[PDB]
Every structure is written in structure tokens, then in C-alpha cells.
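Let's start with one chain on its own, the form solved without ligand JPP, as C-alpha cells.
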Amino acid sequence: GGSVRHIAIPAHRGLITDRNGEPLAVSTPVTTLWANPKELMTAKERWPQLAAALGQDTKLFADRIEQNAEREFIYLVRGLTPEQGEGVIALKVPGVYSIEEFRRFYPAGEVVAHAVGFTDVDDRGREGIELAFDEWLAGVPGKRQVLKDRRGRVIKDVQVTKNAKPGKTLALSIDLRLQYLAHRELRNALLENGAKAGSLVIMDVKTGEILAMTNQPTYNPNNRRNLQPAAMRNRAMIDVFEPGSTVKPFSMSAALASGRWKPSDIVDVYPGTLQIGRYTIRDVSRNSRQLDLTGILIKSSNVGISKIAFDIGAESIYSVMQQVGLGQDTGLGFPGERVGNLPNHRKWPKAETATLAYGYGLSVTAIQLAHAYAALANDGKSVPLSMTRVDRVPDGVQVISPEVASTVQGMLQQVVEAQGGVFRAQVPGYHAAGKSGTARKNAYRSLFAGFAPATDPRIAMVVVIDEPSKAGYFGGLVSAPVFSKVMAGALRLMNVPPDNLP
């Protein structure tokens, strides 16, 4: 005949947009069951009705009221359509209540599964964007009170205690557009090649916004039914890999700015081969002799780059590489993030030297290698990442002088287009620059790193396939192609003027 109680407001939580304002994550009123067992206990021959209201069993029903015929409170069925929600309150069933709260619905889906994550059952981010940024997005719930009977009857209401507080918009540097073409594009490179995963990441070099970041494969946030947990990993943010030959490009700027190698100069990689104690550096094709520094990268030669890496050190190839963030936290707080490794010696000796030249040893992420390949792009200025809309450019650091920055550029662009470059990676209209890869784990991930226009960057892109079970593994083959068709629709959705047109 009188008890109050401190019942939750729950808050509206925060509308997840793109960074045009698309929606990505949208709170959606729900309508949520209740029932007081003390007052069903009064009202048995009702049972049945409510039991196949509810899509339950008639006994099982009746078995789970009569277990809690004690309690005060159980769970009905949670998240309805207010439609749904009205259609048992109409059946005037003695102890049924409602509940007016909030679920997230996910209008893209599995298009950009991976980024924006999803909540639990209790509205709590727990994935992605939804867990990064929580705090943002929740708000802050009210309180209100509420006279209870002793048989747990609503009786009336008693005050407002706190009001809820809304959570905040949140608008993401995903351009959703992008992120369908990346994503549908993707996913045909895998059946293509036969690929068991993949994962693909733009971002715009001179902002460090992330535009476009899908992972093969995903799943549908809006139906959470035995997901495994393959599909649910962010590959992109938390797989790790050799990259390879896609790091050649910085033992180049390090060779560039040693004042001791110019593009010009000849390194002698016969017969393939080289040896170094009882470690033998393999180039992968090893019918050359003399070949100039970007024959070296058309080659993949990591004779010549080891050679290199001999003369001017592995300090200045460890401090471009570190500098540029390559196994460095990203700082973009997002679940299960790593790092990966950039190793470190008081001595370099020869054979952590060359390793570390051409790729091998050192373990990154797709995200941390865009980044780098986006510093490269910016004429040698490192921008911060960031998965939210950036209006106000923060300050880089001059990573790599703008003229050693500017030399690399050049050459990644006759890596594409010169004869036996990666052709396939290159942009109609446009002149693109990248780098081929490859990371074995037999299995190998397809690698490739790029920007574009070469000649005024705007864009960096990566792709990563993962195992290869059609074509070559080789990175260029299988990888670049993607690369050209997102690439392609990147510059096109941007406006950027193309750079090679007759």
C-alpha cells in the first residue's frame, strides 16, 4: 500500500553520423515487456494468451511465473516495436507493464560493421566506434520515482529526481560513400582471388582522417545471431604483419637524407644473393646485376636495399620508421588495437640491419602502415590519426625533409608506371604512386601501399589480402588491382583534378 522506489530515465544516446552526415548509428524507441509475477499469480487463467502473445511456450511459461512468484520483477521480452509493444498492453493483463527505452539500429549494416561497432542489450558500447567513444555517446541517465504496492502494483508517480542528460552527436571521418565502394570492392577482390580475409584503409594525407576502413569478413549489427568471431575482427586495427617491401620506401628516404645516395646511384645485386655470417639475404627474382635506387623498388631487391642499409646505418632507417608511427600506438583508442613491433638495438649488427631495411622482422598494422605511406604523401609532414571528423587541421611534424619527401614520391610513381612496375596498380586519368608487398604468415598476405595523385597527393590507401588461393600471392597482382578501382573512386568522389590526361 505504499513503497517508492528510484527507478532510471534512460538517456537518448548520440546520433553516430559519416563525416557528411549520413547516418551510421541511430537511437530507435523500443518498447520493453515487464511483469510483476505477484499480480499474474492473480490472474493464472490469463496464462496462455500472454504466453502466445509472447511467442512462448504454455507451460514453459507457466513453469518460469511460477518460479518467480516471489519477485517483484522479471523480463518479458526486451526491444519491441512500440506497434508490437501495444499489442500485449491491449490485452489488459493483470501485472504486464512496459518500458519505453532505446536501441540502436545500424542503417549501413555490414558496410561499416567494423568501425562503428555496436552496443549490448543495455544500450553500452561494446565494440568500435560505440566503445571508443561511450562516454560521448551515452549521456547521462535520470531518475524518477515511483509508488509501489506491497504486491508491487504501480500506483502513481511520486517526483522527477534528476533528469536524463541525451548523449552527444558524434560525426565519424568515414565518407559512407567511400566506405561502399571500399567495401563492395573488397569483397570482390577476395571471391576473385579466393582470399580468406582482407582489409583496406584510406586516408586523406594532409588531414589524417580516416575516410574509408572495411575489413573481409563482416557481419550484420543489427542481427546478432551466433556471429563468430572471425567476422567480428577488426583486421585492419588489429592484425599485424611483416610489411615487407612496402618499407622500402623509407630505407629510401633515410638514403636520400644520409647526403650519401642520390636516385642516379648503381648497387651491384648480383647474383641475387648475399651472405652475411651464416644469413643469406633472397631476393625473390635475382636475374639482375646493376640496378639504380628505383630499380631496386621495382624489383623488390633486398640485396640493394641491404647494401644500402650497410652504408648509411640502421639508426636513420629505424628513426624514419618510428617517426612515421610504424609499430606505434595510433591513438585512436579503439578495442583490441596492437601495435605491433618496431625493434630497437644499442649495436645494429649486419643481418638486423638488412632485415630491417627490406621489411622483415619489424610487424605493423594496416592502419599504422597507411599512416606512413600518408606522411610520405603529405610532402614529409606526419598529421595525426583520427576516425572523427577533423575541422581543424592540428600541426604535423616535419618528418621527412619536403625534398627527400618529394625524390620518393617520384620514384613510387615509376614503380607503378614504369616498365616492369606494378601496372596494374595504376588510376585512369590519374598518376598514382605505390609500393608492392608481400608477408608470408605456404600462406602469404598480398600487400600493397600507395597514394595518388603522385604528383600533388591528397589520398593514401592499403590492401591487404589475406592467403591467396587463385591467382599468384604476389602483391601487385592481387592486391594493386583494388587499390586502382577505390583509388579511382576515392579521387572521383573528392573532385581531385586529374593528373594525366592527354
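Rigid core here is just the name for the largest C-alpha set that superposes within 1.5 Å across the two forms. Numbering follows the first chain given and starts at 1. Compared with the form deposited with ligand JPP bound:
- Of the residues 410, 152, 142, 79, exactly one exceeds or equals a 2 Å C-alpha shift between these two forms once the rigid core is aligned, and that residue is 152.
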The other form holds:
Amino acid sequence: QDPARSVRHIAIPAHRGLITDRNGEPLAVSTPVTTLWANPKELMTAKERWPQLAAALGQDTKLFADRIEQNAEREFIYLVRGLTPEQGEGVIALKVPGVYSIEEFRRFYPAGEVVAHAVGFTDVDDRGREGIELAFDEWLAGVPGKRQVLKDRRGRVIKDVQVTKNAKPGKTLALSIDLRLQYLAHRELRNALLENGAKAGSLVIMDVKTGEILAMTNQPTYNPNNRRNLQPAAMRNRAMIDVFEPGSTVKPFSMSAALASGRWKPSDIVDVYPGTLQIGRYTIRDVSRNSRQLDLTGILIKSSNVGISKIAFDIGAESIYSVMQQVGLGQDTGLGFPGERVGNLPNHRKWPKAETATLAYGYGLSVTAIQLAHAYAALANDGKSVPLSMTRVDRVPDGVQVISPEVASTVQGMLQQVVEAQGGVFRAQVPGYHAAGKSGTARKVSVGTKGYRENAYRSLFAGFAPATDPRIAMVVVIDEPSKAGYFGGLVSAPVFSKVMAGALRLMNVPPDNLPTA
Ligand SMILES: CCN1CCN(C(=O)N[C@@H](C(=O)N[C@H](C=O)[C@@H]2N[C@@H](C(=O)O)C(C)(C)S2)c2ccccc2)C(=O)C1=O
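Switch from the form solved without ligand JPP, shown above, to the form deposited with ligand JPP bound and output its structure.
In what comes next, the whole complex appears, and the chain from above leads the way.
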């Protein structure tokens, strides 16, 4: 019986889709590689050639021979996967009986570490396993072909009969990322980390009008063309996977809920004296504690937790929750990246006072940098939230009006004062332009359950520009800066400034800090 001849089929590997940036610059490119395999049965008839073959494969001669001897019953084994076709011709030129070639693909990432987290990485079988390569793996993968052959009883192909199914190439994908901005962000976030002795950071830039992520960088990063180091922490796309309490950066949302309530206008006053406010066993405290009456703008400039808490008590937590929820804090982004973290927005039927206050000033909720950026985008886009995209958006979908345009425009103006006013976040200023935003500084949560860390902080800045017709929103998060100056306004705001200055000019956005006509 057995099988004198035997009809078998083999997979024809499909070319993986090119990934570009939004201008067509290549970011992931399928590279023809040569994979060498062998038929041990056929090898058994040319043992005299093995030691030269082992040498060519950088293998110990005995270990190589042991490997073939032990796999002698098999008909297929890899010798080496993915060599350059030039390396592959070297071994093919030995002309060893039983040694054969297949054309595979392997990705090359021309921008390397600069866009590694966003673009991602493929596994040994050319499948996506992080970032866009994973999120769009079915678009990018195409469909393998099917080639029909005849094989003898000891595994040797006797002829190519025909292609029963043609391989179908995967399709091109243009990201929303602009590599010019991505490089600028990458460089300035790296510099800031190093300058501050920080442990990690993220920086997201978004188009407020289109929902597009124009830049997304994290430190530490890695070189996805280096398939050896296997360093899982440097591979974390922190902007999408590492949640944090946003702190004072959510106060503009609390204020939006205050203005929409009917009960508050920007010139109304809150008494924040003496810088603390006792709520049962918890004490709300401000960092700076030499104020009494502050107007709502001043509450933001001084970043008074006490002031925002008194407003929260007056309007109720439900209104604040609703704004936060509607702008996307702790909510699914829709981006469909496996392993993206949603974080958490807490909810109550009856909010207690402490939960009410801490929510209003940014504790007891966990967000991602992408969420935070999208929320600022909505605010900047006169209160309209356009769906987030990591792919280039040619036709913009309808956004959802999540904050009224009048309230969002009032809040814009207040954030411009936060940047421009005396005692504000002057380091976030963008020469030539009107910029707007909000600093934060949060103690990190302690890892052994419990409470909060004494000496360890996260520094934040979130903002947009130009104030008079916003185009770009940005979030800068730096984890555990190490110098005496650790506040968001010191550490993160100058990154915002430098990156907004370049980004606006790369986008040919006209300077708006002009005379009055
Ligand atoms: C829920 C308990 N729990 C947890 C942690 N926690 C907290 O980490 N507090 C920080 C805070 O108050 N941050 C505010 C908004 O971020 C203000 N804005 C900063 C900014 O603008 O950079 C600021 C000007 C430095 S103070 C803080 C404290 C100390 C130093 C710096 C910042 C609380 O307060 C708090 O009760």
C-alpha cells in the first residue's frame, strides 16, 4: 500500500500590507526573506555534506548531526527561518541533497523606535502581535495561497502541478500619525525624561476636528527591527495601556459641569480659606494655602482642590460624572487594540462627599493618556467629540455634542488664562500663539494596596492650541521625575510648549497672537 506518489498541498505565503504614515511615508514594509528547511530522509543519503552545512549555519557539527539523526523519520524541518536572501544563496550554493528554500516575509520598520508602540510588531509567523500590526492584522495579512504538488514515499516533491488558490496580498493602511510630528514628540519626550531622571512617559497629539491621533510616543521605547532583546516593559504602549489618576487635569470638566448647571458663572467667587476643608475623616487640602476668595478662573490658576470641591458639593457629583463619561474618561475608545486599558470612572446612586470632591479634582478614577487627550479634544472642538482614529480620516464622521458650545468656549478661555495669567502655567506658553491648558501633579498610588506614595509623583500637562481656533490637543505625562521640581507645570508644560511650537508650524497653522484689528 503506502503511497507510491502522494498529492499534497503547500501554503503560498501572502505579502503583508504596507503601513504608511498619513503622508505615505513607509512605517512597516514586508521584506522578502529566505527560509531554509530540509527533508531528513533525503539528508540521510548525503551525510558527507552535513558538516559543511552545519558550518554554514553556525552550528556545532555533532549537535547538527544529532538533530538530523533524531528527526530521521520526519520529512520537514526548519534549518533557519528568515535569513536575508543573500545569506540563503550562500547555503543553497553548497548544493546539499535534501536542503530547500522557501520565500517568506519579514517586516522591516524604517522609523524604528520612533513609532514602535503605535505601529507595533509581528511574530515569527508574520502575524501582528502589538499595536496596529495586531489591531489591523486581518486587513494587513491578506490570504495565503495553495499550491498543489506530488510527493514520493520518503517526502521529496516530484512536481509542481498547479496553483489551486492564488495568495491574496494584504492591503495598504495609512495611519493617522504624521511622522514629522511623531519624530518631534519622540525627541522632546525623550529629552524631558532624561533631563528629569524620570522612569517613563507618554505624549499624545490629536487633531481636535478629525479625531485623528497625530502622534503617540512613550518612553521607554525599543527597536522593533531588533528581534533578540525581547524586553516586555519597553514594549508597553503606555499611552493606551497604563492607567493613571488624572488629578487636576480633570478640573476643566468639573468646571464645564458647573457652568452648565445654571448655578455658576466665571466671575462667581468661592472662599477656599484656609487651604483645607474637612469632610468626616478626610481632609481636602490645597498645595498653596494663602487664598480666601477666588473666582472660577482663579480656582483653575491656583489649582485649588478645595475650591473645585465646594463647587462639586453645590452642583452634585452626577453632573460631573456625566461630563466625564461623555468626554470618554474611563470609557472604551472604540479603537479595538487588544489589551487597551479602559480604566475606570466610579459611579454611585448616592455619592458621598469624599467621593464627590475627589472625583472633581481627579482621584478615584483611572484614565489613559489617549482618553485624556480625546477629552481635551472635545473641549477644544467647541464641545463636540469626534470619534478617535489611528488611521487616516478622509471623510470625517459626525461628532457628538457632549458639552454645549457656549460652555466649552467659556472653559477654553479660562484655560487660556491658566496659561497666560499672572501666577499661571507660563512654561506652557507657545510663542507666536495663544495656548490653553491645565497642569496636574498626582502622588502615585501605593502598589501594596492601601493608599498613596510619599515621594513618588506623576507630572501632567493637557492642553490645546491655538486658543482662538483650536487645532491640536496634547497630553504629556511623565512618571517619577527625580529633581526637586516635580510639578506638572515645571516638568510637563515645557514639553507641551516645545512640541506644540513645532507641531503647529509643521501643520502650517497661522500664528494667532496678533494685534487687535
Ligand atoms: C484622594 C487623596 N489624594 C491623593 C493624592 N492627592 C494628590 O496627589 N494631590 C496633588 C494635588 O493636589 N494636585 C492638584 C491637581 O493636580 C493641584 N494641581 C497641581 C498642578 O497644578 O501641578 C499642584 C499645583 C501641584 S496641586 C498634589 C499633592 C501634593 C503635591 C503635589 C500635588 C491628593 O490631593 C489627595 O487628596
